[PDB]
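Sharing a structure with you now.
The complex appears here without one of its protein chains, the remainder shown in place.
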Amino acid sequence: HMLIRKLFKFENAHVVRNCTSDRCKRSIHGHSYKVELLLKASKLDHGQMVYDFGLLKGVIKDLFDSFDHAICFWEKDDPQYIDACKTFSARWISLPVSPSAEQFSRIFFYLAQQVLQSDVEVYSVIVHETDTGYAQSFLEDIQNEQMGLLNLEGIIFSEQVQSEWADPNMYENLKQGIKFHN
Amino acid sequence: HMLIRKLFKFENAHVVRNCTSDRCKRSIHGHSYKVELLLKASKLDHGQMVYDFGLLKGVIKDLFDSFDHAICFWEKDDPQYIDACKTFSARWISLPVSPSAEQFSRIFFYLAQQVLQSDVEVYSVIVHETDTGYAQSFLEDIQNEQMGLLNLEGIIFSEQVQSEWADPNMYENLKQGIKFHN
Amino acid sequence: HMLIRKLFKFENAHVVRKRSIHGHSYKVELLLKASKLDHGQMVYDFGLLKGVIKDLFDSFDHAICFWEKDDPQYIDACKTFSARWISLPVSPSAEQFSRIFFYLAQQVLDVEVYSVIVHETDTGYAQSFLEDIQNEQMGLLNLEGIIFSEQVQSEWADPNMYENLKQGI
Amino acid sequence: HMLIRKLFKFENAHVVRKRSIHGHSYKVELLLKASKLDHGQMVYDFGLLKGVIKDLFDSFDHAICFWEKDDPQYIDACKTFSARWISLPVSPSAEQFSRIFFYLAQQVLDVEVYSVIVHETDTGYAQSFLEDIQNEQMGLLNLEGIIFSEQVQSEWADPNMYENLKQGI
Amino acid sequence: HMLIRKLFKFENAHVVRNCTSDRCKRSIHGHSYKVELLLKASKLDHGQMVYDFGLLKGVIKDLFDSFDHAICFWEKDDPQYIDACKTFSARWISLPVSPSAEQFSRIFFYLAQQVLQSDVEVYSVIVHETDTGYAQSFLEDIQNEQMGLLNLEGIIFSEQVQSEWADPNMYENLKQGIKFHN
Amino acid sequence: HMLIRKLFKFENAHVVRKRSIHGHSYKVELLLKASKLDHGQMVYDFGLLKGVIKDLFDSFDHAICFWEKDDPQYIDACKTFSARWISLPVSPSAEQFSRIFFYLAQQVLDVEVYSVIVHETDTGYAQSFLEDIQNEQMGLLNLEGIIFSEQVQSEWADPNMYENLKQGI
Amino acid sequence: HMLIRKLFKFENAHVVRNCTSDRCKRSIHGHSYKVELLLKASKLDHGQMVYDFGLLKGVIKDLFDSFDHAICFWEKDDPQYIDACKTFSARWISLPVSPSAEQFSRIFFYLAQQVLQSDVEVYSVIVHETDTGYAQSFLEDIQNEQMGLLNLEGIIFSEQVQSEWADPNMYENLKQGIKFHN
Partner (left out) sequence: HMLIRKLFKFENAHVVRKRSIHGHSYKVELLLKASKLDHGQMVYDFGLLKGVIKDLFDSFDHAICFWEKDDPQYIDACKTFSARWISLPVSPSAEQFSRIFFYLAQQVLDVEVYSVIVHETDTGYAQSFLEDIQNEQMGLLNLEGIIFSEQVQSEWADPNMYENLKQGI
């Protein structure tokens, strides 16, 4: 259709857990991330325009900034680690997948894809991970269950992450059918 | 065919009007824009060559520089706003669409497409909007009526915008059939 | 003798009395000198002190700017235009932005403001030092002659934080 | 009066007491002055002396950093979190990174350390000089108050090389 | 096949002649040019490897550097201009097309295409013209007679341009069948 | 002690007596010092004063440049070549461009010209200061020894504005 | 599938041998190289995730860093040269092809392709050679016998190159079937 790119950035720490392999150690990854959101629009109606100081980018930015100065962990990580995570940072995000630049590109696609119910369609997300590389998601990657199924209830944002939202009920509104931009 | 890119830039303020949604506020957007004009040429005859200090780029640059240190508003905006716009800036442009980076890429495509009647064909326009992203138009986007139909009489340039043209009758010449480069 | 640079951007419209209207992307370098590194004057993102400084600096972003001493019936047309406006005690330019941003950051703050660089699109920059702030020939800066709008003040973390700053608190 | 710049990167998490957690890409410029260019003080990649300096500097990479004087039960949560940790004698920031990296490089080394620039993502930098290292107001730096973890020390070419440095050898 | 890009640069002045249109003026264009040579190789034999301090890139560089600190004019320009060109610069190149960034990309393609007789194939040339844009040639553009047919005898290099060649008979060797890299 | 940089580009051909012909993209940094910021000396795009400066600077763009003291029968061949020419009182180079652009901007203008940097393609730059303008060893600069062509003068906003500048007005 | 790029760099010297052509001289090439590894992943399981301070990138980095501050020569070079190579640098690599940016892109593809036996697939390698250009390998280039067949036993790493590996038996493990990440 018509290609739109929108640029976001965030600063993050996240956990990669290990194998039971004897050489595989657990690691944490604080990096700078850059995010290209790639949209295709068949229609530039006002309700799905994306621009600063408007509502719809306001929600996408608020979800995307949730990962900024937050830590991300897997749901199925060991609960001693997860409890040390929540002590570590009051900004924490619980993910249904192990956090990576790879899965961030799937997660940010899905979050933007869910927000765009309010034509305008998420085409792709590229997440650049510092100077070491990028991951690019497409639509097939989102519905890939071998990659790990993404539902809105599988991403759990912290209270303090919700504390900085413009609307505190933003994410719960999209868990229901509640249509965003009248 | 053969790909030509030509680079333009302009500095602009424009209006995005709001919904009747209770949270949707009106916003103004002063930014730096960069413009990639993408041409395909089957023939490098002199009359549709594009180069500095020649006539045909002279007209495309003059139309493109119309948006520089100008304000852009929608035709169907509220007339108190539109009259405040014309008081605000003697460089003003009235648009048949709400101004955005998205619609600039359609508008600049169409303006360049209309100028190239004087082979050489506008392929695409990319408008980069400061560091926050870009919109890319193709030919399907121009004739999309859901995006908003573009005619030459729907873009109204200010007197003071016309004041800086190399030819004051440039735009009126293209409203008629008047063929540009003999 | 610690040099700290902190980096800001904003996207602004403003006026100069042809009278001319200026929509540009801006970049700010805020240059600080430090000799304590005590926590109350620390500049870092998700704490408090840079939160004041970034709120005052992002106040200029998607707002228009005008002179006080511009003609009144264009000042209404400035603030009919959108509810993000800042009234300025000098005529807004990138030269005057570098003085104003220096003055705002200095009033917030042993961290002192050494210099402010404001880049205006690709056409260059202005760099204020402290001596530029102390000219009445460049236009004297006090706090109350900068007036932010009601909806500029809406976006701030504390909406009262400018009105605090003009008092002791 | 030879200026040498050597360039380093690292990817770090750290803490500041809202208390806030900071994951950033960092860049280091290490600025040296030289007047001998004798081989034992030479800084070059696959030899020895920059091998000490890069090992100490890459120690900060995919590790977390915390204060000594942070609360103990969050310090356990800092080092439950991963086995790459560094205990620091000041509260970690990019300002304090520029002092610490200066101090580590100076202790390694006629090459002396002139300045260290540490860039924190795209939000700017801090630049230490020697006078910044000699403030107790900024937090006094000795070698033993920096504690690297057991697995930070694992990655080094000699794992003993810090414990050598605190002695004469 | 396998994509190879090789980067060249040159500094040039050239003539664009005008119409008999009353507003169309003659112009000269001194610019910095950057050149991407795009090769596809099915075979990395030694004789058509391209690398510094080898023979085959040596010839391609020598032809490409012919345009550096040279002036380019059209063959069919007015002979008073052409004679003023040869007085102006002892480095001059006579071209069978009007010189432009557009035609440079065709000319450099053709020159590299002719040199690669000595598998390895010119895919494309991109000529970037200062900060104002680029032209990209493909193989269809070379054999386009509407763009202007390119033969080796239609490009005439100056004596002083030939003076800087590693081999003075390089270009005459390729006018014959003389195979380059034994 | 306000530093202002304004940025310009131009695309030029010129001559040096092998005699050699030079077609390059150029970038100009114009460095100004300011202590008034009064409106008549203000440098900004769509007003007036930078309109003089950019017209004189864009005069060099898609024009050829030659020495006065070049041989006459190549000077005709210089201005047979195109009607955009500038006669120069020194032999044109990027070194002499930085002096000439300094001199033109100084004659236009409390803003004074501090320095001019002219970058010649990717091969480097020349940076004039005021002391470079005051050498007869570098070639003395007066206004009338720079001669713009008839069609260089055609493109200007006022075509008379150079001939104004040589007088008081 | 899903595109992953991972960035590597190395600093290298290598030999290009000559023809029996009278003008073809032997040359050595010390350069800075930048390496884009392009992966396609159908599955982000832990065992073929690529990330710093994990095992699988650890091996790919260790093989890639083998070329850093090493010299590369052809197996079929003259043995006086090869023996002068091994005297010259205790970090040396013997290659079954003549070393170039072109063949590095094939070699690095193949090495990464062999390491990914432990879904995740090497798509492409781009090797940028200083500021002068790049070579891009795809899968067809690897199995091209006209380009020169790549087997693990044809790349011989020096003892001192092996000395810096995290595992000294890494390369021998992949010569056997020994599966890497349990």
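Assorted remarks:
Labels A, B, C, D, E, F and G are assigned to the chains in the order they are written; within every chain, residues are numbered from 1.
Please note the rule applied: a residue touches a chain if its C-beta (ideal position, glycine included) is under 8 Å from a C-beta of that chain, and two chains touch if they have at least 3 such contacts.
Between the chain not shown and the residues G:160, G:169 or G:182, the one that touches is G:160.
Across the entire complex, the residue among G:50, G:60 or G:71 in touch with the chain not shown is G:71. Which of G:5, G:91 or G:181 touches the hidden chain is settled by the complete complex: it is G:91. Of the listed residues F:75, F:83, F:126 or F:165, the one in contact with the hidden chain in the full complex is F:126. Mapped onto chain F, contacts with the missing chain fall at residues 16, 18, 20, 22, 90-91, 93, 95-96, 98, 122-129, 131-132, 135, 137-139. Along chain G, the points of touch with the absent chain fall at residues 9, 11-15, 25-32, 69-71, 80-81, 84-85, 87-91, 130-131, 160. Although one chain is not drawn, its touching partners on chain E can still be listed: residues 11, 52-53, 69.
Going forward, only the chains that are shown with their structure count from here on.
One finds 53 Å separating the Cα centroids of chain C and chain E. The mean-CA centres of chain B and chain E are about 35 angstrom from one another, to the nearest whole unit. In chain G, the residues touching two or more other chains are 52-53.
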